[PDB]
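Colleague: Chain by chain, the residues run as shown.
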Amino acid sequence: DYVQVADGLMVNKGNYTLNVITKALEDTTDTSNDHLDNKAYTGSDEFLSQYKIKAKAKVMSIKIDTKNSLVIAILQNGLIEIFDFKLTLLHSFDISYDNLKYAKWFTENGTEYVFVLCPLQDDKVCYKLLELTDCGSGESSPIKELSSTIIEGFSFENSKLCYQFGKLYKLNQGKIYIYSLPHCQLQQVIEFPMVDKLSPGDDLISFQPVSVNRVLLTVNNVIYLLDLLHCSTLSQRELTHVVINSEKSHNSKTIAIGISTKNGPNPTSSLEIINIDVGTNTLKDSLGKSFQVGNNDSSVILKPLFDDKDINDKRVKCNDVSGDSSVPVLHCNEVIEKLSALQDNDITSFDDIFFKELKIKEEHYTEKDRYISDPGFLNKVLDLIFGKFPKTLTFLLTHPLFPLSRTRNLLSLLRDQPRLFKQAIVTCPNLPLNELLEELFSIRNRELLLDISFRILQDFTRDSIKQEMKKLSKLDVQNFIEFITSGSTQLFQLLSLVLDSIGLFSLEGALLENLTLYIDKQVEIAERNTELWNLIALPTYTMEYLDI
Amino acid sequence: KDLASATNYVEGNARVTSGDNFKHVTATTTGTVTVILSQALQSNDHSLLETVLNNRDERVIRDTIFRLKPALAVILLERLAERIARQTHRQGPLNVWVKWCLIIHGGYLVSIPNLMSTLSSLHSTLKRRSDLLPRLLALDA
Amino acid sequence: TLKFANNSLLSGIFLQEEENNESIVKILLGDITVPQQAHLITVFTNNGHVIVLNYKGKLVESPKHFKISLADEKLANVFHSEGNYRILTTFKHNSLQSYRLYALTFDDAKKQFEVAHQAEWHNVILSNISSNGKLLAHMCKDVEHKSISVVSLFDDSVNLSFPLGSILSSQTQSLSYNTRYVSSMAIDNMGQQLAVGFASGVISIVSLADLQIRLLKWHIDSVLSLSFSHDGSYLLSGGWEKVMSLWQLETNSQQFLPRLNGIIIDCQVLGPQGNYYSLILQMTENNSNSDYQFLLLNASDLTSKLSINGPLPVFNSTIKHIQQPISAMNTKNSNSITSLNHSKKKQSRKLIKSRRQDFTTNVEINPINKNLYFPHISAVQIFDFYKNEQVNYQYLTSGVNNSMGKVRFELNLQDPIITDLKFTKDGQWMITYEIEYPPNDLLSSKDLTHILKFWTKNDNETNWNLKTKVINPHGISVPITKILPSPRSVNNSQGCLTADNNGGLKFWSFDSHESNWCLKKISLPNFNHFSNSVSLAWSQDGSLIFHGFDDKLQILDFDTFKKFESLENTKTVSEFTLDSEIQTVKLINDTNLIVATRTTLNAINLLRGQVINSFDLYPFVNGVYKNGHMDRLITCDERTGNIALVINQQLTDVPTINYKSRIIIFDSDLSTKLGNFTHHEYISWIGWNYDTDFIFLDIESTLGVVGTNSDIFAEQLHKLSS
Amino acid sequence: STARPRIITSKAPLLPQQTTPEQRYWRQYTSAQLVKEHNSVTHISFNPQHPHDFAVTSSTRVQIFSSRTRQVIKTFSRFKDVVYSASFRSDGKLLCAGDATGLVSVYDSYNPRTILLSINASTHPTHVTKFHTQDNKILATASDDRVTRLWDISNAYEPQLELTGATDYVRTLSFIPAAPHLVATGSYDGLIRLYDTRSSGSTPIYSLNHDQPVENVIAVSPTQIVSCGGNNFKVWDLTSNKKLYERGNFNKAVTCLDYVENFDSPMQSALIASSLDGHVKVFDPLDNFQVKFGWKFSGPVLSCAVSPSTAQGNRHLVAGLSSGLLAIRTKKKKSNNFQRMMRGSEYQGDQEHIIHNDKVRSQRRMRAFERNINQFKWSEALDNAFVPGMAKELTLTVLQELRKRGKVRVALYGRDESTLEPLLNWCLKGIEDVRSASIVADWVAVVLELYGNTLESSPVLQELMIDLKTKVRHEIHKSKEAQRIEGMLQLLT
RNA sequence: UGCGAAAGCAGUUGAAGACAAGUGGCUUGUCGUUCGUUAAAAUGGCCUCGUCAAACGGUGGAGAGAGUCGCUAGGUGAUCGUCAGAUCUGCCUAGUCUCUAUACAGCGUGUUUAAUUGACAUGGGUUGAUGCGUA
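Sequence order for the protein chains is A, B, C and D.
Those letters in the first sequence? Residues 27 to 34, 120 to 147, 153 to 358, 368 to 514, 520 to 617, 631 to 679, 702 to 713, by full-length UniProt numbering.
Those letters in the second sequence? Residues 348 to 372, 430 to 545, by full-length UniProt numbering.
Those letters in the third sequence? Residues 65 to 101, 104 to 158, 165 to 215, 221 to 730, 734 to 788, 818 to 831, by full-length UniProt numbering.
Those letters in the fourth sequence? Residues 2 to 334, 353 to 512, by full-length UniProt numbering.
Pairs of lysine-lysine residues, derived as BS3-like cross-links and limited to a Cα-Cα distance of at most 30 Å, are as follows:
no.: 1; chain 1: C; residue 1: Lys499; chain 2: B; residue 2: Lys348
no.: 2; chain 1: D; residue 1: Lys411; chain 2: B; residue 2: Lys531
no.: 3; chain 1: D; residue 1: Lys12; chain 2: D; residue 2: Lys488
no.: 4; chain 1: C; residue 1: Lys182; chain 2: C; residue 2: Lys130
no.: 5; chain 1: B; residue 1: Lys531; chain 2: C; residue 2: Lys523
no.: 6; chain 1: D; residue 1: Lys293; chain 2: B; residue 2: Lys473
no.: 7; chain 1: A; residue 1: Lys124; chain 2: A; residue 2: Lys217
no.: 8; chain 1: C; residue 1: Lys140; chain 2: C; residue 2: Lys421
no.: 9; chain 1: C; residue 1: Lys499; chain 2: C; residue 2: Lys534
no.: 10; chain 1: C; residue 1: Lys598; chain 2: D; residue 2: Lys12
no.: 11; chain 1: B; residue 1: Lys531; chain 2: C; residue 2: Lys640
no.: 12; chain 1: C; residue 1: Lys140; chain 2: C; residue 2: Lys427
no.: 13; chain 1: C; residue 1: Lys523; chain 2: D; residue 2: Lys411
no.: 14; chain 1: A; residue 1: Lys313; chain 2: A; residue 2: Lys373
Simulated from the structure, these hints should not be mistaken for laboratory data.
Using the sequences and the hints given, assemble the complete structure.
Modeller: Now the structure itself:
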């Protein structure tokens with residue numbers, strides 16, 4: 027359920128700006144910013165800050181300081197604005213609002229008295245909720261969502277100071293209880309391997325899933341249902357997927382606990398205090414084709430053998446449709462034991478490998494359909510005969531007659547026995563067209579030309595033939611035209640393919656006139672035998710005789 | 348009408364199409437007629453398009469299409485394709501024009517990204533002209 | 065509706081997995097138990115049970131049934147008159169039956185009917201009984222040739238007999254066997270005249286007092302049904318043209334009724350004054366099933382008052398002792414005068430010995446109003462199954478389907494076959510694909526035409542309108558193996574995806590600008606091998622298409638319509654070669670997909686890109702279905718699982737003509753067989769209606785489903830004023 | 002029982018360049034009239050109100066033509082120099098004409114003898130004069146003085162507003178059709194200026210840079226206006242000051258435009274454009290100003306117009322040429356005792372409880388081949404095919420109905436020399452077409468299958484078979500060379 | 001008949017019994033007969049319920065037709081003539097040029113995306129085909 031995995120304060124800006132992200136700093140004085153330059157003034161600094169935000173103006177900036185209140189700064193002009201203290205305990209995570217969207221006087225200690233985005237505007241005292249250890253702000257109808265370690269969930273809306281909903285959510289010590297990408301849920305990660313999505317409108321779990329592996333710095337991206345997560349002691353920022370018109374590619378969120386992983390875009394090099402290197406450069410979560418790439422958070426493969434429909438009085442099976450048998454006696458233990466019975470001292474003989482395989486699979490030794498087989502099992506026995514031991523006459527005849535051979539076929543030109551090579555041309559059911567075109571244009575001038583042109587026509591699309599038969603020289607195609615003119632239907636359309644794929648201008652003249660004369664007489668004989676196939702009263706006076 | 352009476356078959360004004368309309372994805433040369441042809445194709449001028457392609461001298465057609473700008477060889481070919489689709493006796497004289505447009509402008513309309521989608525009407529016309537060739541082979545046999 | 069299987073009262077008569085020759089052979093309107101008091107019917111079956119059933123109000127939970135003391139005889143019919151009751155019985165040389173007539177009585181012990189045995193007829197070829205049931209005629213085969226005998230049964234008023242060579246002409250003895258074969262006979266309510274309808278087409282009214290004949294020649298093919306009116310002055314006849322004629326026997330003047338959607342295999346006047354005609358129409362464009370339409374009609378304006386019909390599917394093969402009816406020539410819709418016995422022997426031997434015993438059909442569900450659309454031959458029966466009656470019937474090809482009753486040579490022409498139809502997922506358009514066949518013995522007799530049509534209706538009108546048709550989609554002479562409607566995310570569920578047997582794909586979509594359904598996308602490969610083991614599936618997102626060609630499940634995207642590609646090569650497996658050619662690629666939801674092929678049944682996940690489960694199909698479905706019909710044999714849901722379905726042809730102590741069905745369901749990627757059901761009869765199609773049920777079609781077309818002072822004054826006044 | 006299905010006429014797959022509804026409607030403007038004028042027709046306006054007359058401005062006279070006879074009903078000849086513009090007021094009551102001496106003279110329409118007032122505008126030639134389209138008593142005249150003037154027709158001594166600001170040769174006015182304070186003027190320097198008349202008026206509020214010297218500016222919506230000048234025309238959104246379409250589908254300069262709305266047409270709106278090379282074209286404003294139909298005329302077309310939106314009668318397209326002539330194409334449109360005896364036959368059930376209706380509808384008349392196929396006269400149906408006055412698709416559909424339905428051989432059994440010659444003489448013509456040639460192939464194959472002895476006897480269908488042989492030889496050369504072109508562009512993929 | 005792809009690829013077509021005709025047999029042919037095999041014709045054709053006229057809306061068209069001996073490309077003939085070439089202002093075809101009620105075709109206008117109105121007593125009687133010529 028991952029995404030494209032690589033890369034081992121105003122929240123909607125990017126580059127070409129001066130500093131739309133001014134943030135606090137660990138083990139430093141208070142705060143800083145950088146460019147790709154805006155001034156770094158003070159928002160009444162020197163306190164116990166843990167994050168820093170702005171009023172989406174960058175000259176009405178602040179230092180969100182742990183003193184129960186905050187003031188404004190002047191990071192562009194020089195003229196400050198006035199303020200007013202509400203509390204005096206811890207306002208280290210202050211988030212100033214837009215023009216009357218979401219603001220309340222909640223500092224750290226259950227005193228969420230509602231107010232506005234001003235220095236003297238007030239509202240009701242909505243401090244009714246208990247001691248909440250995870251208070252976030254979302255835009256359902258702009259709302260403070262409190263998750264309390266008195267454990268209980270509540271959701272108040274700071275649009276009319278109205279408590280929308282609330283229940284008993286038994287949330288433990290979390291890792292990141294971040295609001296969702298469309299904001300409709302709460303993604304709260306458990307410590308090692310889990311991330312549960314809860315319904316953040318009713319305070320209830322909606323899908324409690326496990327995660328892939330160790331990940332600590334996790335936050336929802338600007339996506340549909342996708343999150344990013346950096347490793348704890350790792351610079352690996354992977355992506356997973358559990368904004369929809371023209372989504373984001375960079376500058377989505379900045380919450381990470383890597384090696385100073387501030388201001389995390391896709392190319393996240395030029396940081397705000399860190400000056401680090403960059404990583405992946407993809408977009409957000411797409412619909413459903415990127416999950417074939419990010420096919421993670423499940424790695425639990427076993428050896429899948431063919432089961433059977435369970436025998437609940439199977440003796441009344443009513444005229445089974447086989448020839449003589451009813452069910453093949455499945456022996457997967459003997460399938461595994463045939464590997465030990467084959468990987469032995471039959472280093473040049475077919476007495477302890479070919480007889481072993483044809484005893485484990487009692488067939489006609491060139492035929493399918495008496496299957497019980499696994500592709501990993503066939504690949505491992507093919508590896509054991511590709512080792513110390520093509521001189522077996524049963525095993526490597528009955529298993530290119532198997533539709534799971536898996537790309538160990540490249541040396542089929544590199545070994546040349548006539549009957550095994552022609553059988554691997556006709557019947558081996560996955561073949562590389564590179565080797566097929568090389569065998570086709572490495573001509574031995576025989577009927578195996580017809581047998582290779584047959585398969586290269588009957589399992590590859592014509593343009594995929596053309597693009598990969600551009601990869602030829604010109605002596606090959608000149609001798610191919612010469613051999614066709616010297617001395631059939633599939634090779635005529637193969638000749639059409641080579642003429643389509645050599646290109647437009649870079650040709651010669653004598654070969655072209657020879658091919659012109661040859662195919663002129665070819666169309667004449669085709670026309671005449673098509674004609675052959677489509678080609679497959703009394704007078705007034707007579708004089709006659711009769712018997713005497 | 349009766350309740351047991353079946354509904355008869357009626358096409359009405361249904362558009363019957365084929366499966367092949369891919370409409371959706430100093431001097432020393434001659435005295436030619438290509439200024440006439442070019443400002444026939446810049447507008448949609450069927451009258452002087454007819455007076456330029458009732459010229460049927462092969463060298464005139466050849467260097468006319470050679471002097472033609474290759475950005476509008478595709479629309480000259482579209483006009484020729486529609487005219488041989490409609491009038492069937494024009495296919496003799498006018499396909500001399502369409503084979504010369506492909507030979508001379510063999511680079512522009514191989515660099516165009518959708519050849520069949522851009523000159524669908526030629527593909528459909530030639531497919532319906534050459535599809536019945538076994539039938540009249542059997543007929544003349 | 066008196067449902068038999070609703071209660072053990074008479075489902076105990078027949079619920080067998082093997083024996084359906086227990087049949088219902090006559091209904092009478094009175095009460096045979098107690099006379100002179104009727105709103106309830108007494109049904110005689112073909113074995114000897116006599117059930118008395120109330121059809122006014124609720125059915126009584128214990129009917130008045132008896133079982134008459136009968137020999138090995140098998141109940142031809144019963145007969146009523148004033149008071150008395152007769153019965154007729156069949157028997158055990166040359167294969168002919170033998171009939172025997174009894175009379176009934178009941179009164180002394182009210183459990184048994186006592187019988188009397190009037191007479192016998194020791195070889196019967198053909199028989200008919202008059203409209204009042206007062207006399208009956210039949211044929212004999214007693215030597221040089223056959224014979225004809227009429228007998229009154231409720232009295233010895235008349236019984237005569239004569240060899241039918243005195244009926245037949247002198248021309249017929251030097252002519253074909255159709256001129257002397259007789260396929261119908263009828264008598265009137267006096268026994269004065271008799272209608273002999275021959276297989277050559279003529280009718281002959283003999284006058285029974287003096288054996289003088291009169292010939293009526295209109296039917297150009299065989300005469301299949303005759304009846305007289307009550308006064309005997311009008312003769313209804315019906316044959317292979319779909320025209321009911323009625324002969325004014327005074328002036329020999331026909332009145333016709335010409336386009337009756339089936340050949341008339343029985344017609345009779347019905348009322349006391351003869352104000353209704355009841356007809357049986359055999360509807361023989363499909364040769365795989367004998368599907369009869371019951372149609373009475375008022376005689377005044379000849380309008381179909383109360384036409385009755387079951388569901389009409391067309392199975393891939395002939396079903397169970399089905400014989401297409403007699404005619405003059407042996408055609409592809411009938412059989413000649415000779416080949417009925419050889420054809421039934423060959424059909425029994427084909428059901429016994431052979432291997433391709435697949436008679437499965439495609440049925441669709443309209444996703445708006447949940448009625449199901451059986452595509453008949455060149456037509457569709459729209460039929461809703463919450464009242465099991467036909468909505469309507471519509472011709473969708475351009476044949477001679479309706480304009481003409483085809484006869485002796487012309488029955489060797491077939492109208493175009495509708496082989497696919499699918500609705501778009503909002504039920505707004507119906508895509509249909511048809512194979513137009515050419516007539517034989519001309520140059521173009523060996524190239525078919527393939528036509529793909531697009532139909533529209535609003536949610537009120539019952540019949541669809543053709544908005545566009547494309548003749549030869551995918552090219553000339555190439556078929557369409559599979560059409561697939563598109564999900565609600567491509568063109569607002571207004572796209573279709575058609576597949577070739579070259580592996581070519583065409584995406585068609587309706588755009589409003591050029592107000593027609595046009596060809597949007599194309600991916601054609603040009604191979605030199607063909608296979609009709611093609612399947613198709615789409616992601617619900619509308620992003621990637623799973624093209625299950627033979628031995629190969631390609632993965633295409635939708636934006637560039639070629640095979641799927643990521644440049645990072647994050648094990649981008651975009652092909653799955655399996656052990657045999659695949660016939661279902663059904664993706665249950667966007668995680669995983671179930672492939673079914675002729676040996677195994679695999680399942681493949683894509684959020685964990687490998688095989689998760691597999692099952693064994695080869696012992697069950699080996700070489701018995703045609704390649705491309707497992708898609709109609711198995712189906713899915715949108716949330717709650719997937720349905721496999723196998724068939725066991727039963728056995729004796734060799735296979736037989738009897739079948740049983742084993743349907744199984746799975747939830748959530750082949751995890752648990754949480755449904756293991758067995759049905760008593762062959763099953764032909766299963767499919768998910770869009771509200772979490774699965775409907776299936778039995779081979780005898782029962783649709784089943786797998787789911788999840819003043820008071821006495823009032824009484825006496827309603828009596829005395831009714 | 003049903004009714005009998007009608008014989009469906011064989012329609013093939015559609016060929017390219019089909020007849021669109023727009024071009025069917027615009028092609029039924031026919032019966033052209035050519036009226037030779039004394040000089041080039043420079044302007045033409047229509048009466049708005051009873052929109053049934055039009056004024057043509059030739060040199061030194063203005064002729065009002067009627068829209069039912071197309072003759073000059075009335076004429077205005079008392080101008081001293083070349084009269085340039087002549088338009089009707091929005092009430093259609095009076096007619097203004099700008100003249101080459103800068104003397105706007107407004108008469109009343111349908112009375113050429115009463116000149117109502119003669120505004121003496123600039124000493125330069127006055128080239129465009131039109132009344133307001135909202136207001137009635139103001140008249141806008143632009144001249145070769147690079148300044149337009151708004152005149153109140155009560156105070157006709159000084160102009161009530163003087164819209165200056167343009168650098169060269171203002172040749173067009175226009176008014177914006179919902180805001181009546183808004184005058185868009187267009188000059189030979191490009192630069193459509195437009196003015197708010199409540200302001201000073203010596204400065205435009207903005208300017209639209211058509212790069213070519215504009216020839217006309219009209220207003221389509223209350224928001225968008227179209228300016229023609231040079232080889233193209235451009236459309237401009239006016240609330241956003243911004244160009245959004247440009248069509249350059251001409252060879253020479255577009256001289257004039259006009260626009261139609263809501264009239265009886267498949268096209269809900271139509272802008273037609275006249276362009277100095279012979280062409281007048283119609284563009285549909287709803288699908289992105291795409292061209293739908295056009296006319297070619299016998300010289301450079303200087304001005305054009307159509308009948309207004311409410312024409313209710315004979316509808317006109319008029320185009321005046323620079324050659325000096327005028328082209329009109331129009332589309333057109353027993354006893355009281357006995358009645359008292361037969362009174363009730365027009366009642367149709369108004370006060371009546373139940374109303375029964377079973378009169379069947381009368382369908383189209385059956386042709387002779389269709390009723391013969393119905394009557395199973397199959398040889399007579401073939402005979403009815405090969406009459407001379409039959410459509411080619413009708414001969415094809417009766418051949419196809421006899422092919423699918425019954426028997427080619429039944430239709431061909433009793434024939435001889437004189438009764439086969441129609442079939443083969445049509446097969447000569449039908450072998451050329453793609454849509455017929457399969458049917459022609461199997462019909463000729465069957466007739467030579469079962470008339471191979473009449474081939475020997477009659478020499479006068481031997482020659483018909485030889486002509487058919489050379490026809491199939493030409494057609495097979497064509498069907499071979501089409502496959503060669505198909506391959507030679509298959510090479511170019 | 002089987003496997004197939006729509007091409008094709010393998011397989012054929014026995015026996016018994018009864019009856020009919022022809023000359024108890026023999027020959028031939030049938031079978032509302034059985035077992036085994038995967039295995040053209042009896043002069044005999046489709047109902048009434050209302051037609052006609054004029055519009056209108058979509059859908060196709062090979063356009064339905066008429067000219068100009070006007071251009072481009074051809075195919076070819078009568079007589080004479082050594083040919084050269086003459087007269088027939090030689091003929092025919094296709095394209096172009098010009099014009100028309102898009103003349104042509106089809107479906108629909110009962111509700112449909114769209115689009116219809118009007119005439120007529122929808123009878124009975126007598127001639128009407130031997131009364132007719134413009135050929």
